[PDB]
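A single protein chain has been removed from this complex, and every other one stays in its place.
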Amino acid sequence: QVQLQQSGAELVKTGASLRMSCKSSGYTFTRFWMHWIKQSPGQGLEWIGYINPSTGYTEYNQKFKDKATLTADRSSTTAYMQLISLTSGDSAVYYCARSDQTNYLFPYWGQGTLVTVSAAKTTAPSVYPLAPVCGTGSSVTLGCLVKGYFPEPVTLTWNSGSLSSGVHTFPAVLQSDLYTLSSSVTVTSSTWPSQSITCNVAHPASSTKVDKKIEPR
Amino acid sequence: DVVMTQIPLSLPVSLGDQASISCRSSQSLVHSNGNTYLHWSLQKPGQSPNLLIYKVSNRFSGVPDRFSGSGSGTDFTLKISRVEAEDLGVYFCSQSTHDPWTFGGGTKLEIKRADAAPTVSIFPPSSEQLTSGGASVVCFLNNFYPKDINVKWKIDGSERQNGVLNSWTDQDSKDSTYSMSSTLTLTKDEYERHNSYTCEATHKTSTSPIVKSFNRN
Partner (left out) sequence: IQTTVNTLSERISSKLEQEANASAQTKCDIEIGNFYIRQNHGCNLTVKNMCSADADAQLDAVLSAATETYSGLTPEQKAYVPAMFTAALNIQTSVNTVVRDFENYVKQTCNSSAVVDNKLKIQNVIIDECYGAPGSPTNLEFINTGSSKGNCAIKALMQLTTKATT
């Protein structure tokens, strides 16, 4: 089965450069082309260019001819894209996509590599558990605030991802170079506080990893 | 260089209903060889785009027959018969007849459902945050429909407008509801100069604002 595994999110300074990767498996690397696509919020989906992993032949979008450079290593069945002279407008999600036989379609897309272009400095989150008011119904709700971190992303689970239903993890919000994220989880009042609930926050960038039980208030 | 334009920007559709999405291009998408290389992709929230239909009419591996595409030259339409909740996402028309390849802005598929009043839960700032010297009052408004909502914060009856910082989830693929988080952040000192903190949400389900508050200590 086809698999495109792109590299993790990247924070890099303005005017700098970076090289993201995309490792393919489950098909003949040299048999199909690899394309690259940019998904910004300002501009939509933009096609960057393609590379023939066998011959190394590449074609680029006029708009990205100076920005992106595509290479490929047959040895490790991975394809790379190098971005140069990074600016704020380069901050977007970048996709590696494998071609169909004809090289007119993109059947298979990677998970995406998040790029963040800021001279802002990496900051760890602060995980605050949100239990209800001191003073009930038949289905209590618990929360978890993730304050003042940078850059994206963070991963949040409940009891190592076992508790997954009745959950709402909200998108982060940027404010003065600091993100803020939250998540709510709802279970029957029979469950909590009789059964403890942990908030499993993680921020690979600053390399922190926290576990927060939610005790009654 | 070839501009793809989609109408509408979004479309509310009920279960079992049909959905229609148009896509117009600036040039004809017919190619020297005679093929019209226009395709339809669906990107769900969080995921990468998946190819649904290619070269106008043809369905892709494992696409139900209830997806079909039509049109020629510049005007095309995608029809989704018998809509399921899983179909929600952003549908992109794209072309590969002319280099550079281009995408449309996309059409977001909202799934209609019965009205749903939000379960509003307010959370005073945790003592572990008060220890850090800050005070954030979080309020969750979960599982509601329609999307349209606004949340007024209040301190001792007076409308607090500064420090509010909201977040919305995408539509839930299971029950097709919407959820929102609202965080009101202050300094610890300013938090302790007042008595009550209230979370007032107005919604189509009730003209009477939904009120959830607590008194300090």
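The chains carry the letters A and B, assigned in the order they are written, with residues numbered from 1 in each.
Following the convention adopted for this analysis, contacts are C-beta pairs under 8 Å (C-beta built on N, C-alpha and C of every residue); 3 or more make two chains touch, one makes a residue touch a chain.
Between the chain not shown and the residues A:3, A:30, A:62 or A:195, the one that touches is A:30.
Remark: the omitted chain is touched by one listed residue; of B:35, B:166 or B:205 this is B:35.
One chain is missing from the display, and on subunit A it is touched by residues 28, 30-33, 52-59, 99, 101-104.
Just so we're on the same page, only the chains that are shown with their structure count from here on.
Here the CA centre of subunit A is 18 Å from the CA centre of subunit B.
Interface residues of subunit A, counted against subunit B in their complex, comprise 44-47, 59, 61-63, 95, 104-107, 109-112, 126, 128-133, 141, 143, 145, 147, 168, 170-173, 175, 180-182, 184, 186, 217.
Interface residues of subunit B, counted against subunit A in their complex, comprise 1, 35, 37, 39, 41, 48-51, 54-55, 60-61, 92, 94, 96, 99-106, 119, 121-126, 128-129, 132, 134, 136, 138, 140, 142, 165-169, 179-181, 183, 214.
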